[PDB]
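Next up is one chain by itself, shown in structure tokens, the form deposited in one PDB entry.
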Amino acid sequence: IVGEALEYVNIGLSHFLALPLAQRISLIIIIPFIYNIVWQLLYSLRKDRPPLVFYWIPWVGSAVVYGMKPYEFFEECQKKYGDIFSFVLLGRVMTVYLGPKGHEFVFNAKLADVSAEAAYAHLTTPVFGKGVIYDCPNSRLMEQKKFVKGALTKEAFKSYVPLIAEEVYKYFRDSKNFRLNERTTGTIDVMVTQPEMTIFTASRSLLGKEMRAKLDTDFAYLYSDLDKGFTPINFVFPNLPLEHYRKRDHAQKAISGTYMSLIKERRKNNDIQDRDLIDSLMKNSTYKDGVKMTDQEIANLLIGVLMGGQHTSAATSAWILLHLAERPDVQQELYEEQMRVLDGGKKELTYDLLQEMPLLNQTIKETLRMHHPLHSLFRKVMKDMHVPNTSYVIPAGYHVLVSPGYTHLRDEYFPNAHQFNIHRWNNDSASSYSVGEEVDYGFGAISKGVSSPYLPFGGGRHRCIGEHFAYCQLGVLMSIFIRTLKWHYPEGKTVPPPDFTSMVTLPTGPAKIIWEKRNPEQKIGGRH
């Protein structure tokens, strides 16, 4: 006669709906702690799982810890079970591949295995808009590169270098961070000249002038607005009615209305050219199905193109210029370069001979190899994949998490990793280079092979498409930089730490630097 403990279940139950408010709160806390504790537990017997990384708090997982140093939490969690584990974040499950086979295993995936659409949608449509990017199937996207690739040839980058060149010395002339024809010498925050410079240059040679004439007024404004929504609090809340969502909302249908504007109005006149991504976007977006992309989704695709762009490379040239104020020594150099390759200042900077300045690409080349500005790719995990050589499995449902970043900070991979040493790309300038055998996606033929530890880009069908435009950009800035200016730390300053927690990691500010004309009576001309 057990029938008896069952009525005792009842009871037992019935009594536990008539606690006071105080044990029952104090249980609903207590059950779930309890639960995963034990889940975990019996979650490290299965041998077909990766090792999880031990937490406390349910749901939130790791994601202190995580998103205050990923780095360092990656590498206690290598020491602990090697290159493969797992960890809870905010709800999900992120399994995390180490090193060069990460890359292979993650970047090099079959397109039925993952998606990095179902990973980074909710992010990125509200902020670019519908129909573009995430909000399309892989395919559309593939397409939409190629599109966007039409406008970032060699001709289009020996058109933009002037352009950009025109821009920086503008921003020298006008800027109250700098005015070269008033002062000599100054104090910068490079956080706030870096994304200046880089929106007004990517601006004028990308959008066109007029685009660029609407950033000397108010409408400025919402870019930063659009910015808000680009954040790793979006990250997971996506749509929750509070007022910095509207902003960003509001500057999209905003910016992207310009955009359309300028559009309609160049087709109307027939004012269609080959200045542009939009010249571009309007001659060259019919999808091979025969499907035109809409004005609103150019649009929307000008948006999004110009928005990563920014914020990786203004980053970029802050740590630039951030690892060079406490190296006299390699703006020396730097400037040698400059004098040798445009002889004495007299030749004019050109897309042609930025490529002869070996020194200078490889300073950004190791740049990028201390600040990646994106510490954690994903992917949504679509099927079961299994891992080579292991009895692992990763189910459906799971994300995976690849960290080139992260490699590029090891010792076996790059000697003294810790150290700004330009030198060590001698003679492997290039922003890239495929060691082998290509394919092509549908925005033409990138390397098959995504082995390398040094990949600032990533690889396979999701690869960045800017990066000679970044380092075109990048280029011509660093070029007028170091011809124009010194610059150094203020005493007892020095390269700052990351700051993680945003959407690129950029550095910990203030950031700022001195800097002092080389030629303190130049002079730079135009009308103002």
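Residue numbers count along the first chain shown, from 1. Take the two forms, superpose them, and find the largest set of C-alpha atoms that agree within 1.5 Å; that set is the rigid core. What changes on going to the form deposited in another entry:
- If you fit the rigid core between the two forms, you'll see the Cα of residue 12 move by 2 angstroms or more.
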Given for the second form:
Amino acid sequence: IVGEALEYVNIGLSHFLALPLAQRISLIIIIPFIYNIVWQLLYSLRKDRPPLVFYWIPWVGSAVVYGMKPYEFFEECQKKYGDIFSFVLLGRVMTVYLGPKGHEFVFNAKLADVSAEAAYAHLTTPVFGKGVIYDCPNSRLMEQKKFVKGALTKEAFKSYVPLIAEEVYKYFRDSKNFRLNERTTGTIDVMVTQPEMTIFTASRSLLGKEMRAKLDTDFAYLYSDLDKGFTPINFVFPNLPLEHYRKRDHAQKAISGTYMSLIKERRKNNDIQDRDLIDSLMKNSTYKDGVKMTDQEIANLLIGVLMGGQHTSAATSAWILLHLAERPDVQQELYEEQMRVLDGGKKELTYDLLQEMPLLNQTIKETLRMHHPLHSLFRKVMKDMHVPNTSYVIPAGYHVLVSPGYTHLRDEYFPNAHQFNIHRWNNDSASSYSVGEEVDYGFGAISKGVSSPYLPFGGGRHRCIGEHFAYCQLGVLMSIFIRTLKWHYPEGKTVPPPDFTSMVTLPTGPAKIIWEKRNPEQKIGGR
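What would the structure be for the form deposited in another entry, rather than the form deposited in one PDB entry?
Below you will find a single chain and nothing else.
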């Protein structure tokens, strides 16, 4: 009888609760372990679900292999399952869609279907501050992107180029890593030099002279603290009572506090011009519903834009130098282009002349092909999504993962994809280019289609707005490096593997190059 069965359930329940504590703990471990395996096996027959990568440890999932070797992971998954597959990652289910159709599925996904801010808020909000970027609705982000873009005009770039050039020269002159007036050769770690050059140049141009001057003080130490909070660990542990987390928060307060002081000081003196992004945001930061950004939110947006731009550009800078260190042929070819465009060095570098340097820009383009600083972009799925031409349905609660950087490294789309060749971009040296219909999400007309196999800057509503600033900064920086120095690897060394575990895919350190002055007698003037 079924009556007597229900009795033995209750009996079994009471015997269960009365087990020796060791077997209880063991059952605490074995039961969800067994349940997990059984759940996957069952999930398999679901043909309205993409294949799920098998994993042994519950919650953890494929985190370790994804965390350490994401492209090798994607490649293995791809030839087993094809272009669409899911995997468990630290409690989340990630649905990957590789290739151009994946680019379309995720970057062009409707606003109602996916949320970037739900994916990233816990990473970024504690670092940047409240009320901006991912700590706000999408419509607010769109307009923040529009506000920042107002300091990213052609006219702005024309003024930034000599400021950036000045900083590069000052760095060559003053940094312990160079001191070109005293040394004709030396060794550097590019993961030391490039983050420093990147912060000095980006500060001077986007933040202005005051904020640049601050980096000549121990205030510079706060950026390091803030920098240390920008880490994937925030995806698991956003806030922990350690000193790492307190130094982060303290820095965000002191740094935004500093920006606010400058802001309120400019407003008090009515000293608001068109010098920098701070000026720009002081004059142009009213949303379409008439609500103004607070001084705090302005400062916080400044932090995030600068920090995001910081890591992508520094990493890219580092890779350019690293690839060129074993390619004296490319160094030579870039140098000839410098001599031609700048009339033997007699012409001062300008933003317009930068545009007349196709090989230089192709080098940047090719470096971003081989080293997309962001190997995975995420969205949280908010409504059930049907996968076109499939029976797959991606349920709300899932995350979608797109990886243009993976496609960058596929021979199908880039022959001999693991060879560095700037000439694969001959007569195709633009940072990117819309060549079909365009669309405006709030921050300017951008390409409607996002099916290009090359997407260093993403696409759709979350597309990068720093692409031309990045080319301007990298361009000026590399133009001066090329014209000033040659460099090569220490004996036996080559391009290092990427460190896929940090927030951007930095080179594994220490990554050293040996530089030498092209003109040992050349001196850099100024104080």
